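**Student:** Following the hints, complete the assembly by docking chains Q, P, S, U, O, N, C and K with the ligands onto the known chain R.
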Amino acid sequence: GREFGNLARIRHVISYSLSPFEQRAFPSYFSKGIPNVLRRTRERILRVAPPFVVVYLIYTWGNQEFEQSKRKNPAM
Amino acid sequence: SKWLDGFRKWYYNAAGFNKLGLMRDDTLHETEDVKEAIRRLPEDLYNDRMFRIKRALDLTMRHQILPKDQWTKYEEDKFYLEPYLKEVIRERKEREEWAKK
Amino acid sequence: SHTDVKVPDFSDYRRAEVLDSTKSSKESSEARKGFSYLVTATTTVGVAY
Amino acid sequence: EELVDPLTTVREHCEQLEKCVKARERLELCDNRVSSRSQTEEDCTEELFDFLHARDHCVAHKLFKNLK
Amino acid sequence: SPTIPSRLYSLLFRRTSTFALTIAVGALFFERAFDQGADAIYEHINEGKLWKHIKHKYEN
Amino acid sequence: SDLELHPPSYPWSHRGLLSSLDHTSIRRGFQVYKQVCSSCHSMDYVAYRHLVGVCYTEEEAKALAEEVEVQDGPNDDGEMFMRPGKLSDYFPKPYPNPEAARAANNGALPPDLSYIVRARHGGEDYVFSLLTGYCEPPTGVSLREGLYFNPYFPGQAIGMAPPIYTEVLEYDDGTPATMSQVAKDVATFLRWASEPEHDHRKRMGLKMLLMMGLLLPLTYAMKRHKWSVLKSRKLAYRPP
Amino acid sequence: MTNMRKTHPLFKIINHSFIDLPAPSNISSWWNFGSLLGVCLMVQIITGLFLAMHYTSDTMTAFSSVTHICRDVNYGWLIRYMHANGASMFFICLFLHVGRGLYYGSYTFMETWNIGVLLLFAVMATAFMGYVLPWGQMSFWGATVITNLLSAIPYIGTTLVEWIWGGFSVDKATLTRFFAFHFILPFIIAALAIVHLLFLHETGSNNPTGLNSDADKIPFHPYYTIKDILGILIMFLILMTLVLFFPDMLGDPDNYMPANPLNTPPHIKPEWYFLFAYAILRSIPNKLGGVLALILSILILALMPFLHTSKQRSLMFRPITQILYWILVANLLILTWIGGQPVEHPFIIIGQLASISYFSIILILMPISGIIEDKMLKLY
Amino acid sequence: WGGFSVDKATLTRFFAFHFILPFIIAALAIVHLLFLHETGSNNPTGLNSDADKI
Amino acid sequence: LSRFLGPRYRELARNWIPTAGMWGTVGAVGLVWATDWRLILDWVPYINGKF
Ligand SMILES: CCCCCCCCCCCCCCCCCC(=O)OC[C@H](COP(=O)(O)OCCN)OC(=O)CCCCCCCCCCCCCCCCC
Ligand code: HEC
Ligand code: HEM
Ligand code: HEM
Ligand code: HEM
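Residue numbers (the authors' numbering), protein chains in the order written: chain R, 1 to 76; chain Q, 10 to 110; chain P, 1 to 49; chain S, 9 to 76; chain U, 2 to 61; chain O, 1 to 240; chain N, 1 to 380; chain C, 165 to 218; chain K, 2 to 52.
A portion of the hints provided could be inaccurate.
[To be verified] Partial list, derived from the structure: chain O residues whose beta carbon lies under 8 Å from chain N:
1. 12
2. 14
3. 17
4. 197
5. 215
6. 219
7. 222
[To be verified] Here are the in silico distance ranges between beta carbons for each label pair:
8. U:22 with Q:72: 36 to 42 Å
9. Q:87 with N:374: 16 to 22 Å
10. O:213 with R:40: 43 to 49 Å
11. R:44 with O:148: 56 to 62 Å
12. Q:85 with U:8: 57 to 63 Å
13. O:213 with Q:72: 22 to 28 Å
14. N:221 with K:2: 28 to 34 Å
Calculated directly from the structure, the hints in this document are not laboratory data.
Note that the Cβ used here is the ideal one computed from N, Cα and C, for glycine as well.
So that you can see chain R by itself, here it is in the shape it has in the complex:
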C-alpha cells in the first residue's frame, strides 16, 4: 500500500507486547539459540551443501589435472 492509515483490513486480532526496559535483551540466548540454529541447519543443509561439495571436488580435480599436465611424459 502507501501509508499506515490504510494497508489491509484486519478483524478480531489482539496482540500483546511489553516495554523494552522490562524484558531482557538476550532471554535465554544460548539454551534456545543453539537448537533453533541446528533446526534451521537441518532444514537447509541438504539443499545448500552438496553443490559446494561438487565445486570443491571439481576444483581439486582440475587443479591436480593441471599439475599433472604440466609434468613431462617418459616416452620422449
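**Tutor:** Frame of chain R, contents of chains Q, P, S, U, O, N, C and K with the ligands only:
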C-alpha cells in the same frame, strides 16, 4: 497411485509452509486473478487467511516454526480459494475470447 | 466477551527484578533504565571516538 | 673462509632427511639417463625442482633461528 | 543503597543534555585511556623491534 | 622451461597479524642496498628523509645524504652542476636512462626495487629464495654467456650475477655477514620500501580490532533491546 | 500544527522514505545489503574525492602520483586501500543483493529490477575504468584486451574503438577521458539509485515468505534503522580488516609495476568481479559470440522476470528450484575460478560446461522445475 | 593551500572541487524547484494569480 | 503469446503496418543523415557535391 500420494505428502512436508500453519491457497502469489478471488471470499475465510498470514510472518520474523501438533496436516488442507479462482479464470478467458474475436 | 481476554505470561522474557507480581515497580525502574542507557552511552562514546 | 654460513649447515641437514634423498636419487637417475646419451632434448629440471622443493621446505622450517 | 546504574540514571542519564555531556567527557577520558592501553599492548607485542626501542644506541 | 617452482614460507618476524618489522634488520638491509645493490638497481620512490625515525636519526640520515653527490641546476647562466645531497633528495639513479642500463647490464634491465616485494608473487620469500638459490644447472640445460641459472626465476635463466656472498660487506653493528643474514636483511629492507606504512597499519588494525570487539556486542545489545518488543509479542485470534 | 516531520516539504520526503515507511517485519539480514550498497557508494565517493585531490591523469605521472599518495600524503595509503577494498566490498554487496532478488522473487518489481540492471552496468563500467586509472601494467593490458573485444563488433567496431581510445591504442587521451568518466559516473549511479528507491517505495518491498505483508508491517525507524546501522558496522569491520590486515589478497601484484607497452604479462586477467564474465566470453571459440555471450548473460539477468512460471513468488517453499538455485550459485563460483586460470587442459572444457550449464539453468531448467512444482502441489 | 603557498596540491584539489561542486549545485537547484513548487510562482503585479493560471 | 492471435488483432496490425513502415523510413533517413553514411549519400545526386 498410493506411492504418488505418499511422495506427494513427503513433498508437502518438504515444502515447509505447513510448519508456519499456512494452507496451500495462502501461499499463492497475489496476481490480478488471485486478488479478485480473495476479494470474492466470505469474511470468515478472509479473516482466517489473513490471521494465518500474519502468524506466519511473525514466526518468520522470529525465525521459528509452530509446534508439530499445530502443523497443518495434509488431509485437512482444504482448497478454499480454488473454486473462486476457477470462476475468475474462466470469466477472464471469456472476456479474452470476446476481445480476440 | 472483552473480559475473557488475559495477557499471557511473559516471565520467560521479563527481567529478574520485575519477575514478581506481588512487589511494586519504581524502586527498580531507574536501575533498568540506567543499564540500557549505559549501553547506549558507551556505544555513543565508541562511535564518537 | 673460517666463518660459516648457517644456510649451508641447515641445507645439508635437510638433505639428510627421508623424501629428500628419494628426490636426490631420482635426480641421479635422471642425470645418468640424460648425460650418458646422445641426441636428446630432455632436461632434469623437474626432478631438480622436486629436490629443491623438499629441501627448501625443510630449510624454511628451521633456518631463521640461526640468524641474528 | 541504590544500584550504580540507578545513581547514573538519576544524576546523568535522565536529561538529554547531561547525557550528551557525560558522553563527551567519557569520550575524552576513553580516548586517552584506550590510546595508552593500545599503545602499551602493541609495544609489548613488539618489544625490541620498533625504532623507539632501539634509538638510544644511535642518539650519541 | 615453462614449469616453475614455488618459494617456501619463511618465518619472518613481521609475518604475524600484529607483529611489526625489526628496524635493525631494515638498517642492515639499507647498508646492503647502499654497498651492493645501488650500483645496478634504483629506488626512485624512496628518499633519505624516509629513513628518519625508521632506521637512522636526523644527523645520521643527513650524513648519508651528504656522502653522495646529486644533480642540481640550472644556475644563473643555465649550466648543470653537481652538489652535495640533501634530506629531501631521492636515492640516486645508477643510470640516466633505461637504455644505458640495458647497455651496461648485457641487454637486461635491472628493475626499480621500490615495489619489487609487492610486484612479485611470494613477496620477500621470493627475494630470499632468489638471492640464496643460485645453483649449478642440471644436465640437458645449455646456458649462454651473461645468463645464470636460478630455479626461482621464471624461465630459470636470470641475467643477474649472484650479488651477495659471505663477507660481502661489513656491518656497522658487528653482525656476522653471512649470505643468509645479508639476504634476510635486504629482504626486510625491501619489504619496508614496498610498504612503509606497515607498522602504523598494524597498530591501526589492533586499535580497530579492540574498538570492534567493544562495539559489536554493544550495538547488538542495542538492536536486541529495541527489537525485544516485536520478538516477544504475542498474537491471538478471537472471531465472534 | 507542529508536526514538522510530516508538514515540512523537505522533511516529509525523509519521513516518508526512512521514518514512517511501512516495512515488513520479517525481512532477514539479506535486506540490509542494498542499504550497505548506498553507504558503500558514499564511501567510494568520499575516498575518491580525496584521491582526486592528489592524482594526476597524465601517463608520465599517474603511477608517480599514486606512489606519492601512498607514501607522502598523510594517511593516503589508507584512503587508497579503502577505495580499492571498498570497490571489492561494493561488488560483494551487489552480488548478494542480486542473489536476494533472484531467490526471493523480487524481480516481479519489474521497474526496480530494470533500474537495478542499469545500475549494475554503470557500476561495472565505473570500476573497469577506475582500475585502468592507476596506470600499472595490468591496467593498461586489461584496457587493451577489453577494447579489442569491443573491436570485435563488425563494420563499426574498429572506428568505435579508435574513437573511444582517442588514437591508435590505449594512451594519454584514453587515461584522461577515463579519469573524467570515472569521476562523473558515480553521481549518475546515485541519481539512478534515487530512481531505484522511488520505484521501490511506489511498489513496496518484499519479505522472505513472498506473501502480502500488509497485515504485519512496522515503521522503518527505529527497527531497521538500528538493524542497518548494525549491518554497516559489520561491513566496516570486514572492510577495515581487509584494508589494515590483508591489503593485497584481492589485488594483483603486477599492477605495482609501471605500464610497459613493450612487455606483455604472461597471463592477463581482470579483477575477481569480472572473472565470471571473462570465463563466459573466453569459453566460446569466437569473438563476436563471446561478446554477445557476456552481454546476454547480464541481459538474461535482466530478462529473469519473464521466465517466472510459478504460482508462488519466493523460493522458501520451492525445494527443487532451491536446489537449482544453489547449483547456479555454485556454477558462478566455478566460473569465477576458471576466469582466473589460463587456457590449458581442462580449464577450457570446464569453463565451456560451466557456461552451458549457467545458461541452461537460467533459461530452461528453472521454469520447468516451477511447472513440476505446480504439478506436485496439485495447483493445476 | 596544502603548503606554504599556491602550489601543485592547490591546483589538483581545486580541480577536484571545481569538478564536484556543479553536481551539488544541480541537487540544490532541485531543492530550489521543490521549495518554489510548494507555492507556485510570483507575478509582476505581486497579486494572488490563482484566478488566472495557465 | 496467444492472447493477441485473432482477427481483430490481425486487422489492427494490418492497419498499423504503413505507419510503422513510414516511421522506420524516418529512422533510416535520420540515421543516414546523422552518421553521414557514404553507402547511401554517394547515390543521392545533390548530396554528392560535398564529398
Ligand atoms: C531423499 C532425502 C535426502 C537423502 C537421504 C537423507 C534423508 C535424511 C532424513 C532426515 C531429515 C533431514 C532433514 C530434512 C529437511 C527438509 C527436507 C530436505 O532437505 O530434503 C532433501 C533435499 C531436497 O529434497 P527435494 O527437493 O524435496 O527433492 C526433490 C525430488 N523430487 O535434498 C535432496 O533431496 C538432495 C539434493 C542433492 C543435489 C545434488 C546436486 C549435484 C550436482 C551439483 C552441481 C553443482 C556444480 C555444477 C557445475 C556444472 C558445470 C561443470
Ligand atoms: C648488477 C650486476 C646488479 C647487482 C649489483 C644487483 N642486481 Fe638485481 N638484477 C640485475 C639485472 C641485470 C636484473 C634483471 C635480470 C633478468 O634476468 O631479468 C636484476 C634483477 C633483479 C630482481 C628481479 C627478479 C625478477 O623476477 O624480476 C631482483 C628482485 C633483484 N635483481 C634483486 C637484487 C638485490 C636484492 C640486489 C642487492 C644485493 C641486487 N639485485 C643487485 C643486476 C644487478
Ligand atoms: C565519483 C567518485 C569517485 C572518484 C572521484 C574516484 C576516483 C578515483 C581515483 C582518482 C582513482 C585512482 C587512485 C587509485 O588508484 O587508488 C580511483 C581508483 C579506483 N576506483 Fe574510483 N573513484 C570514484 C568512485 C568509484 C566507485 C564508485 C568505484 C566502484 C566501486 C570505484 C572503483 C575504483 C577502482 C576499482 C579503482 C582502482 C583501485 C586501484 O587499483 O588502486 N571508484 N578512483
Ligand atoms: C547500485 C547499487 C544498488 C543500490 C544502492 C541499491 C539500493 C537498494 C535499496 C536501498 C533497496 C531497498 C532496501 C533493500 O531491500 O535491500 C533496494 C532493493 C531492491 N533492489 Fe537494489 N540497489 C542496487 C543494486 C540493485 C540491482 C543491481 C538490482 C537488480 C538485480 C536491484 C534490485 C532491487 C530489488 C528487486 C529490490 C527490492 C528488494 C525486495 O523488496 O525484495 N538493486 N536496492
Ligand atoms: C543556481 C542558479 C539558479 C537556478 C538554476 C535557479 C532556478 C530557478 C528556477 C528554474 C526558477 C523557476 C522559474 C523562474 O521563476 O524564473 C527559479 C525561481 C526563483 N528563484 Fe532561482 N535559481 C537560481 C538562483 C537563484 C538565486 C541566487 C536566488 C536568490 C536570490 C533565487 C531565487 C528564486 C526565486 C525567489 C524564485 C521565484 C520567482 C518568482 O516566483 O518570482 N534563485 N529559480
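**Student:** Hints first: check each against the structure and report whether it holds.
**Tutor:** Now for the hints, and whether the structure bears them out:
1. 12: violated (16 Å)
2. 14: Constraint on residue 14 (chain O) not satisfied, violated at 13 Å.
3. 17: Residue 17 (chain O) check passes; min Cβ-Cβ to chain N is 6 Å, inside 8 Å.
4. 197: Holds, because the Cβ-Cβ distance from residue 197 (chain O) to chain N comes to roughly 5 Å (cut-off 8 Å).
5. 215: holds (6 Å)
6. 219: The hint holds - residue 219 (chain O) has a Cβ within 8 Å of chain N, the shortest such distance being about 5 Å.
7. 222: holds (6 Å)
8. U:22 with Q:72: 36 to 42 Å: holds (40 Å)
9. Q:87 with N:374: 16 to 22 Å: holds (19 Å)
10. O:213 with R:40: 43 to 49 Å: With a Cβ separation near 27 Å, residue 213 (chain O) and residue 40 (chain R) fall outside 43 to 49 Å, so the hint is violated.
11. R:44 with O:148: 56 to 62 Å: Given range 56 to 62 Å: holds, Cβ gap about 58 Å.
12. Q:85 with U:8: 57 to 63 Å: This hint holds: roughly 59 Å between Cβ atoms.
13. O:213 with Q:72: 22 to 28 Å: With Cβ atoms ~26 Å apart, the hint holds.
14. N:221 with K:2: 28 to 34 Å: Given range 28 to 34 Å: violated, Cβ gap about 45 Å.
The structure shown violates the earlier hints numbered 1, 2, 10 and 14.
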